[PDB]
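Only one chain is given next, in structure tokens, and it is the form deposited in one PDB entry.
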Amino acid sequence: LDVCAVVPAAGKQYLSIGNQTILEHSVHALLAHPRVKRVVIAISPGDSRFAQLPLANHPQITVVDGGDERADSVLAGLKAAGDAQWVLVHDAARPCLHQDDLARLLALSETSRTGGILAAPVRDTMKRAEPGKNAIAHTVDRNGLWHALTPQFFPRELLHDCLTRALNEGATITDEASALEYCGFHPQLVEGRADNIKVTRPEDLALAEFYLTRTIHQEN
């Protein structure tokens, strides 16, 4: 049941919450589960900041050069995934990952042949804008609509082949699930907490910090 994690970190991840970078909170969230034996971080050539983090001397961390696109970084991480049968792909900028959700995602390997992702149901109103304009086209129906979160958990070889194939066919890949979907698979949706935010807007840092503080508080 060894698992290897891959973090596509090639470029917010170096912003800090408390006295750890967001990348470090994300990485340590992964290491909470004992089955996660290694974390491969894909970093961009020339990125010198990584080497300065204490995480850079962690015996369970592997560092490799990623590419310009997500799928390329992930493929680069997978070459260093050793003999792990299952791989976890997790966003560098998702520091609020909860151990309970990780644990429940990792159960997919006992029974799943495809794997699956953490996800959050859409529960508030969403709009689709007119193309080219900041005006509303229509309101989206939330029934069966999910936010794709990370981690995304898949058999190693299958992920590998689907991503290689999607890229080789010019497929339009965003997340890892999209590569499986393109090769005809239907990954499972594992409901996770909606506060597993990707820090992408400047105000998201304070939001992430609010969510971690509230959670620490609640646990008691």
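Residue numbers count along the first chain shown, from 1. Take the two forms, superpose them, and find the largest set of C-alpha atoms that agree within 1.5 Å; that set is the rigid core. What changes on going to the form deposited in another entry:
- The one residue among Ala80, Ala107, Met126, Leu145 whose Cα position changes by 2 Å or more between the two forms, with the core held fixed by superposition, is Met126.
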Contents of the next structure:
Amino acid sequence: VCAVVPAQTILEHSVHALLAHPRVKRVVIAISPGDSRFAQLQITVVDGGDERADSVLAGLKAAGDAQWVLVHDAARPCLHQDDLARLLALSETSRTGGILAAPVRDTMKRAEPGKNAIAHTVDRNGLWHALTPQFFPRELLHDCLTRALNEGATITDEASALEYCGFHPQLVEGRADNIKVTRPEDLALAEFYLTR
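Let me have the form deposited in another entry next, following on from the form deposited in one PDB entry.
Chain alone follows, minus partners and molecules.
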């Protein structure tokens, strides 16, 4: 199984956890133009695209003989091996693949369109926070991404590409601590969280 990562220095954390696995022979990273940082830090390098989906496909060429691919957010460092394992143990049951997801606990509201008023309460049953890594058959992913990018469909995660093409990925519960740092405070929390 190969690992693709569309891209502080969380990156190393995210990767070392991917690598922390035995069944994860190599990690294909991706770097957009104008990126000098990377050279400072089973690792390969590919020239990413403009879209997330571009880079994933970009990295797809370096995947070798892997029939399964693992995509992982560059800003998600609180991933546990117990979670990774629970996830990778899909290739021997999975037809389409699946992703690490976390149940919703609080109650949620959908806003009235174009207004900050509450339209109605959203059902908590079967609602999940999509997380990563994402695990699916190599070529499969590649073809759903191809099609998705072509039909110009809205894509968020790699699961969304498969979904787009009819497929229904699998939901593998993972910890909630496994977060993504996008704000100037998620770091403090991500730090606290990754410290066991």
